[PDB]
Amino acid sequence: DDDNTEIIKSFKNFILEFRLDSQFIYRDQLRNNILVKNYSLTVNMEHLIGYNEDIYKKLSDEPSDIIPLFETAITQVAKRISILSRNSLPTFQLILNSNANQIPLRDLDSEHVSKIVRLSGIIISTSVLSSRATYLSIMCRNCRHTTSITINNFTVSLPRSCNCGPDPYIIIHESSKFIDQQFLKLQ
Amino acid sequence: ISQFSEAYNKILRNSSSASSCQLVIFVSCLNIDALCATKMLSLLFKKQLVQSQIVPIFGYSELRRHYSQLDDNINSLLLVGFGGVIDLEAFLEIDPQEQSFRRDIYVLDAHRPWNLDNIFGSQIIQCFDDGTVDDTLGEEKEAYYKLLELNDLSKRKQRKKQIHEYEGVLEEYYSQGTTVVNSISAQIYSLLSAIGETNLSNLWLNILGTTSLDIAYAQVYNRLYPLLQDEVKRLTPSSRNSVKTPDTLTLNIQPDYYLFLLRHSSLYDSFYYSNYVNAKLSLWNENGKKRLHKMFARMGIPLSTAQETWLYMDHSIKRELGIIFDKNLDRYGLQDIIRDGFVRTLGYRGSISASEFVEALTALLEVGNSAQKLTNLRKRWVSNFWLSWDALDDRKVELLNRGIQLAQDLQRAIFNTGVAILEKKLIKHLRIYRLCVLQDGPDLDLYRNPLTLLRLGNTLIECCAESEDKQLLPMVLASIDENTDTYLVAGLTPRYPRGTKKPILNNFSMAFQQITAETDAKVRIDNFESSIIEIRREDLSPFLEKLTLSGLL
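Chains 5 and c, in that order, give the protein sequences. Letter by letter, the first sequence follows residues 21 to 106, 130 to 197, 204 to 211, 235 to 259 in the entry's author numbering. Letter by letter, the second sequence follows residues 5 to 102, 114 to 165, 218 to 436, 462 to 591, 597 to 650 in the entry's author numbering.
A hint or two may mislead.
Unchecked claim - Partner residues aside, some chain 5 positions facing chain c, computed with beta carbon under 7 Å:
id	residue
1	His67
2	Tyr71
3	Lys77
None of these hints come from the bench; they were simulated from the model. The C-beta atom is built at its ideal place from N, Cα and C for all residues, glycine as well.
Just need the whole structure built from these sequences, with the hints factored in.
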């Protein structure tokens, strides 16, 4: 995956070199976010598309295969800022809010599926929190293979190979890193 | 009538002192050219750190309140865009003080013809007539040296016959249309290049200046491109990008469009509100609106993709933006759209088309802000002037966008109401000329400003004539909300469809002064421009009848 290296290099070069005259808005967005322990980043697409048209050309193409390479891309940056050596640092969530063109709810029919869509509605009720997973260890029922699975997002079945079978993999919940989820429903 | 550099050294010698200085440069008035000029002028002063006063004058009548009130130590004065028509020597008077007169008022104007009393009989000027109309201009030359100071009965009769002989041809002059030769900015730059400053934002000020008026003719501007493009060639930020780079990062040539707000608005709304395209495609008509969509069907551009803001459209459509138009627009007669334009890129913020910037400033001038009410309103425009002045600065872009969110809205007003007219076919073809009046409309608050009616008047004189046989006929407009029937009425000039043989020299300036000199019925030349006047509904109708006859054209 040299291509992912090529994309992530462009995201680092987008965070470190970005200049609104003259402060670096993102780079400081980052620091001021890790200190309060927010562990998040908010990108402004207009700055993004200003910087390179290209990376927004791909990011509006296949978002769910890219955006996580942007997450890892930014957390690899907070490693060089928030700490220094020669932990643990979760991969930050990015929140991008931008103008574009409002696409009303009725007008969502297929055709834009997996393409970023800005819209507007009144939230009805919020669903009770429940955790998905981020990083969970797994051991085999037999050969006892110790596998650390980095689950991303971007549902995902567990790998069957180290009889053995068909799916001899247990979730270790003593070491598994979890995040949260909501489920809004909007009228 | 002087070298620009030498007029400069004069305004240098009378300037710097203890206490400094003193000079008031008058920026006037509502014309974007003024800004364009006086900003590079003011920056030039700041270079030598010469103290200055700068005054936002609206009314021509308003100038008297200023010059007659506050002057003390000011030995060198500068003025912009005024005096080319009406002379200030009689208007201000002057009253010579102390040859080698103490105060020098520089008058910069693009308007023609100059007042006769101005150029000859040097008192207050120090004229800026150079170099556009020099000329000769032998008609003004014989106007004085003959006139001044001017068997014996036949020599008296001969003399008087000669006097009227000169007075006739002289009467031909100074009674004429007011038409800008070259943008005052251009000349300030010609003055600026002799001193040796090549500054980039300066040059951008020139580009702004030139492109201030392309909404209305060129007229010479069609040949101004050498004088700009060469200068764009006299400098360059880098031989090759080197993307971006974050600094310099400057202006460049791109296939720009008379199309309206291409970069800061959605494409479809960018055709639909554009001024040149309103006309040829009959967009006020529901039957013609479709013809646009047929354009998009020809381009293969989705309707949904046309509705989306221009920043975010796909890259393929961007790379094909200079091709597809060639492939298609030719068929609709829309082939004159693509100019060679100037675009300055600030990089990570965006880019801005030379013209669109001007649309932002104009947008700023009217919005985003019995004699007490009009004075207070003109005052609000005076304050608003600086809100518009600030947007020129590079360091604050944050409010420039406040202009653009307005510039869109205005069109959404202007277009709308514009259509509200063509549905009722309110155009009166009359006989000698075309004429109109808006008796009722939404939100006349926007139409208070002279320049708003300059642009509505512009999209309308542009709409009625494609051309559109026959006989381009100048248009008239009127509007009223408050201030007790002020009914502002602006003069207009015909638009040729890119094939322009003659300047055609707006005649309303003369036709109005003929009426002020007749019954003068509530006629007010208070606005700085000779084309635009005020009227009352009581006296507007007899005024309109006296406008119809006698026709000077």
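(request) Closer than 7 Å between Cβ atoms is the bar; does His67 (chain 5) clear it against chain c? Give me holds or violated. (result) OK, holds: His67 (chain 5) within 7 Å of chain c, min 6 Å.
(message) The hint names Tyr71 (chain 5) as touching chain c; please verify it with the least Cβ-Cβ distance against 7 Å.
(response) At 6 Å from the nearest chain c Cβ, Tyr71 (chain 5) passes the 7 Å test, so the hint holds.
(message) So, as I understand it, the hint says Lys77 (chain 5) touches chain c; can you test that by seeing if any CB pair is closer than 7 Å?
(response) holds, 4 Å
This entry satisfies every hint, going by the numbered hints stated previously.
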